[PDB]
Amino acid sequence: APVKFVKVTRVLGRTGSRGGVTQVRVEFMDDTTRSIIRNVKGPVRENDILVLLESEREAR
Amino acid sequence: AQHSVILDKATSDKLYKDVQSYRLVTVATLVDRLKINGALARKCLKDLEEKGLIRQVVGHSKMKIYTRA
Amino acid sequence: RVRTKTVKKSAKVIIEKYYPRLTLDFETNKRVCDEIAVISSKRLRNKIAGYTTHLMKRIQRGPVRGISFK
Amino acid sequence: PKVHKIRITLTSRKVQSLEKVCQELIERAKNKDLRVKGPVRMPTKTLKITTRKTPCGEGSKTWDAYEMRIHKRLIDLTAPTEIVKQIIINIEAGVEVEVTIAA
Amino acid sequence: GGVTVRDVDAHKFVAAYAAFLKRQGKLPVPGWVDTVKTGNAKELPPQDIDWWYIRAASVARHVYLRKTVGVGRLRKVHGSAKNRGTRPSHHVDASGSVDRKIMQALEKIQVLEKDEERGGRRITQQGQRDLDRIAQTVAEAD
Amino acid sequence: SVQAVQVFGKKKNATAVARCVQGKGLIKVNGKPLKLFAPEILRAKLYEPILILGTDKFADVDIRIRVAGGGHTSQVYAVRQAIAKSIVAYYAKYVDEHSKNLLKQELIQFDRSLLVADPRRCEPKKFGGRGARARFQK
Amino acid sequence: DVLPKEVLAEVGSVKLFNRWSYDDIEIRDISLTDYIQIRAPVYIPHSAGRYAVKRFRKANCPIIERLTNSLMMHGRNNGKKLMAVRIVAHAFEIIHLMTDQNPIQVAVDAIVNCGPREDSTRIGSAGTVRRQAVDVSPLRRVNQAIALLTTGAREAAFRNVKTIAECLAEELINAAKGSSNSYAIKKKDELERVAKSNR
RNA sequence: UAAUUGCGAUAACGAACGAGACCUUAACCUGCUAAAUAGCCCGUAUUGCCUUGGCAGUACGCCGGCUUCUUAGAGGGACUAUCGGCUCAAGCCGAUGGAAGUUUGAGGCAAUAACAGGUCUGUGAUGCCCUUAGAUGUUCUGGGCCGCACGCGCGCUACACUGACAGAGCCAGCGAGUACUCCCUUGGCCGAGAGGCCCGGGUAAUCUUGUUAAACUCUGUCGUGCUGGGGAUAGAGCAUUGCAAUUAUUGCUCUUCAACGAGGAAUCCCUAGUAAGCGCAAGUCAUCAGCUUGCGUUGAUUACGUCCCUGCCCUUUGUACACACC
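Chains as they are written, first to last, in full-length UniProt numbering: chain G, 6 to 65; chain X, 25 to 93; chain C, 3 to 72; chain A, 14 to 116; chain E, 3 to 144; chain Z, 3 to 140; chain R, 14 to 212.
No lab work stands behind these hints: they were computed from the structure.
Treat the hints loosely; a few may be bogus.
Said to hold, decoys possible - Listed next, the in silico DSS-like pairs over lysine-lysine satisfying Cα-Cα at most 30 angstroms (straight line):
| hint | chain 1 | residue 1 | chain 2 | residue 2 |
| --- | --- | --- | --- | --- |
| 1 | Z | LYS127 | R | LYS94 |
| 2 | Z | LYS26 | Z | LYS59 |
| 3 | Z | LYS127 | A | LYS58 |
| 4 | E | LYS14 | E | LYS28 |
| 5 | G | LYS46 | R | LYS71 |
Kindly generate the complete structure, drawing on both the sequences and the hints.
Set out below in structure tokens:
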């Protein structure tokens, strides 16, 4: 599978019934003109880098 | 569930066959692979050391480790 | 990590009543209060001076709603 | 007029009252041009007692700790015999004093 | 250069000195050996047969490094914990007669002397010089 | 005249008083030498300051140290911090601190705890520590 | 002669833990840099740092201390990292003697492979699973990997004549590639599989 | 924002309790006042080795010099200081400096108003009732509160190799101590062990005490076996406390060697020198700690959040209740 790498640009807010999930805005770091938002589980800072396997869920 | 406290001929010639070809030797490996007791393993350790076929890395009251010569 | 009315009202009156006599400097401010006020504790005394230095830092760039002086 | 190298000790519960007594005593002595070795201050001992508050035992279990503190601050001196009686006068109330000739 | 006792490995010194002292072969044995428990907290006699001689080095060394020493203080230095069963453990001191008589014998062979001045026993000039020699030998052998 | 400076180092309850003196390059603590005085695995962290700086900068200086109180691990940190203060203060006061300034800068950029102490103690609660007992009934 | 004569070669070399220089670390992938810190090395992990005081102060720490701390657990092993630091350094010698490669290379490449990328979080569904298969952050990756790794070693060595040093040693070398005989990788692989199901 | 702690909008303006301030304690001061019941330097005599000139120790100095370390008094020091992005502001976060940047850490006291909460077994605090000379007053002998098929709560020891066993190396803090009584006990001597005898110090930074504690570290024995992991149950013997030990007070000596392989449905405590491990002192005490109150040693994983469960308070709402859903 063609795994893509993404980078966080803006944190939005922690959703979830007990606050474990967090909304983050991420950057494709290869196509600068694109930008999307994803969810993460653990602690997250700015300028961090994430690995993304599937790029078609986009929860709420 | 017993390990022969004494060394027999069958174990002896197997010993002097492969122990020049192992990469590491330990008390555990001897009791595991060769079906020998731990007491004899320490005795065998010291005797094969002085004949000069394995080299010491570190010595300590809990674990002894040796490699080829 | 937030001040109370006692310090703020004390800060408010000192700046409004003795504006020329003090400046942005934090130690010069620290000393002037102990001469012109009657405080009974070093920590309270220090806190009043700290806010006035913060208060004066912002007045220098635009007037503030609370302050009114001659 | 043979010196004996006396030593005088004080006891009290207060601290500020005793301490000012110590300074005035050293200066009252020094005014008549006498040699003095300074104020050797002994360590302060702290003693506590803990007891239960409730008198019966129901409910949660809670303690309280009362305390009391003691100071010593003894003094020594090289002086003749009976000048001590004139000088050790004008002491406070409560403050206890013991004199040791240390002959 | 010059060395002294404080310039050698601890466990090396006791082993080195144990070998030398036994080769000399002059110290009493009151027969208490083979029947001693090493302390009220311990269970089995020590393994090494020559443990009694080895012990001699350890006690001699500290008296050199301390202002004064007595029989009772060795009890509480040598003690350890005791497994009283299912209750929690405590600290209990070693046997007194054992330490007493062993150092009685030791001082009869001109290593230390009594100190009625203040109490206890301190090492004597000849004893001090003896330990240095064995310690010095270790340095070059290293 | 005689050249000597006094510095101390502290830990939880480990006090180590030291006098750094003009000598010829020997270092030993409580009179006994440095060769042994540590648990055998931790002895590298004794060598921290001398190893990073180079022995050539310990040319002609003598040090004697006395340490008491605390525990084994507490004491070893106490004495190493005394080493740093001893060398830096003697050089500052009796030679150019320009070398000290590179020394101090380089020494604290690796680890800051060489010159500053860590304050940490305990506190008496009424629960057996910071955790209360088991609830009698709930 | 203040310093031991035998250990003298190091002085003319860059700082290292005697037997191993940290120079020339792996070049395999990305996204775990900035979170594994080796650029400032240390001899022994016994440094009394105040990493806990803030959020990411424990992110700036050499991985060597992390392993030593994680190993001590289960009551008996509370605060006794001396055995832990003993085992890790000694275990390094075993794998170095069993394989010509650098032991730091063995530890680093293993931990970068044994971390999941997606997981599942239990939001309330009234007794059922609305498990959306959420993503994972790089920092949590190493946290869970180290924790689960060390647990694999102790459980295996438990009630066995083998000891933890070589047990831990074998754990790292099996995790280098997909051996499937390692506690870490077996449980690691299922996590995405159950996560992939609820995707 | 930890807070009815503040900014603001406003028919309100200015205030009072509570919270904060306050007090005790822990961290900094080569700056002041210092100290033979605390230390260092220095000077004499002196021991051992290399010898060199030094190193490591012992005894003394009391107008030899000093107070860095130890110890207590007066003070100073942190106020969020400077910064970079949010933002009307109050603020929050992050980097630098600094001993210290969660209210710096931890405690003490603590508003209006209630409960048929607890205590008559603390009191010569107290009403009424009851008993009073065959006493429910006081006192002496023996027993019991501990008696046991069985349900429940707070704890202690273990299920081992990250261990057990044998030698050796060796580091704290908080405290306590004898007059009409018998405390803390050093040293010498006898004693396998527990214990015993004889001089002596301390009413105490002076003696016990450097409380040489435990954990811990190095070298070996044992080696997967409920085995040298485990120590319940019992037999025999020797002492100590006490007028008195049987229903064994406790200790010491030898033997005996039970269950227990990480524990179902359930459920607890806890955010950094913290949990956890390990020991020590004090309280009751002639003896008996598996108990509580305090002290120190080693020293981590995970978070900087939310209202899903379980509690609590404020607003809107309903009432035939107001002794108020008992």
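Item to check | Violated hints, by number in ascending order, as checked against the structure | outcome: none
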